[PDB]
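Peer 1: One-letter residues, chain by chain:
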Amino acid sequence: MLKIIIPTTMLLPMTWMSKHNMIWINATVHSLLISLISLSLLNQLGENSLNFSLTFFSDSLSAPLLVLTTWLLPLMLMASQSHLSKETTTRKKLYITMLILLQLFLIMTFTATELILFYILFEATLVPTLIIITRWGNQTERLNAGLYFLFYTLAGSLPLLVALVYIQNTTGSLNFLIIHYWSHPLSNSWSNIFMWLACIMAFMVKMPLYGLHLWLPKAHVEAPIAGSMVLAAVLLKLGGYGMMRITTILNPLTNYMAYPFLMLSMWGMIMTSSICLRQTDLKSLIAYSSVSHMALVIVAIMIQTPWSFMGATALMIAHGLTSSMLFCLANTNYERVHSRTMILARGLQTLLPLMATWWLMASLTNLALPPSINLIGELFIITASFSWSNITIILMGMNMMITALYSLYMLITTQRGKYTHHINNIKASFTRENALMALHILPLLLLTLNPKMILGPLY
Amino acid sequence: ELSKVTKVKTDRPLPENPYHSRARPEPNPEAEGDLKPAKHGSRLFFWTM
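Protein chains in written order, with the entry's author numbering: chain q, 1 to 459; chain s, 201 to 249.
Honestly, I wouldn't trust all of these hints.
Unchecked claim - Derived contacts from chain q toward chain s, CB cut-off under 8 Å, selection only:
hint: 1; residue: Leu-54
hint: 2; residue: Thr-55
hint: 3; residue: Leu-117
hint: 4; residue: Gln-168
hint: 5; residue: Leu-174
As the list claims (entries may be wrong) - With the C-beta cut set under 7 Å, the calculated list includes, among others, these residues of chain s facing chain q:
hint: 6; residue: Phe-245
hint: 7; residue: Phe-246
hint: 8; residue: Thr-248
Think of the hints as simulated: they come from the structure by calculation, not from any bench. Beta carbons are placed, not taken as given, at the ideal position from N, Cα and C, and that holds for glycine.
Next up, chain s with everything else stripped away, as it sits in the complex:
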């Protein structure tokens, strides 16, 4: 009975940033629309396809 997890009814506000974390860096741009074939295929030297 002394090991059970209890609810505590307090009035102090819940801390917004307990870790004092900085601003998370902006993520990289995420993808785009549909895929289309390469302009002229593999542009590797003399290969036309």
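So that you can see chain q by itself, here it is in the shape it has in the complex:
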């Protein structure tokens, strides 16, 4: 696995020792090369995981996420080139290094074989994120947003540390393979209930469960574009990956302990989609849409059926791509009008035609249009939940309807109508932004030809 870790580390001295006219170019070149190399990790075996060594391993769950991170880093660089153009060279290098450290930490989380190493790195991801959100954010709310995010994550994760150490002491090991083979049923005692909670709430905070989701809108709104990109694409899927990894040792107590979280997510999807129906900030609308989409992944993980896990993996990948692209489009609009108000700039379908097509395709993917992987994941989760209980279909259908409603409402409000008269600074879209949207969309559409790659280890 070091074939990906070592170049990621070498990115730092490269950027630090590169000329001020070549940081972005070199970073993009070698991040894209790293993604190309990490594409080799998709050759997963049917039954056994790829055990590179004692410390790192990868299965059909880790590989798609690793590829997504290695692919998203260049996209973040391209999106963050614009506003970080008048910054000094040292701060640009610092921002690039923060992004690289975040990517490295994400890789080592998705490849870790030890639960405690996974925890260490998955909590280490906070520091680069928090710095990015509180240092290069534009608003004055970036300070409160960073605190909310950091403290929600830590208050969720510290009991997870306690529980992991307790499990290490009792079972003797935290290795995923051993903890999977030497698995044992959990009794219905209060101690097991609280161990289950300690293991679950940490990831429930990460992928925002309805009620613990208040940090996501602040974090996604106040952070810069690249920060929002990671937070939406990978930092939310961290919780899902952790939950899918740890649910092995949390049975059969889950059957009875999942009801509160299942109900919370199945109602919060509707609540957050309705909130999206009545949002005035584009980034806030996208963040609440992300909450609504991750509610389905939470449900799928808490049901623990093979179709649910496949749908969860597919939805994670698809939602990461779609949310990142939506945030990039909103960033372009913001950099054009210097405001995040949705109703401020209207009739953009007549001034930026290709950007309108990008918005249309992104919204279609967001509302789970067949045969996109978004729909593949959503339909798999819906079938799994229907098998779990037939009543679930009502909430699932209502959520789908409201998602289509608010996505098309965003499309109509932004890229339709009469152009805003007074706004005169809307210049023709650059090649960089269009290339960013194309690099967001094309892998997403291509994955529908080979959906088996992102369907998880249970395919």
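Go by the hints and put chain s onto chain q.
Peer 2: Quick look at chain s alone, frame taken from chain q:
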């Protein structure tokens, strides 16, 4: 001359246990042979060495 330490030739046996001491407790087992490296190094969580 009255302060010098003298030898006294007696016939009464020398007391075996003047303090009436109990049996001294058995000492702990004392060490072992040569040292060998730890089986898999420091078995501290994820550290392989």
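Peer 1: Hint by hint, note whether the structure agrees.
Peer 2: Tested hints:
1. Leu-54: holds, 5 Å
2. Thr-55: At 6 Å from the nearest chain s Cβ, q/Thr-55 passes the 8 Å test, so the hint holds.
3. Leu-117: holds, 4 Å
4. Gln-168: holds, 7 Å
5. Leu-174: Since chain s brings a Cβ to about 7 Å from q/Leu-174, closer than 8 Å, the hint holds.
6. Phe-245: holds, 5 Å
7. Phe-246: holds, 4 Å
8. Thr-248: holds, 5 Å
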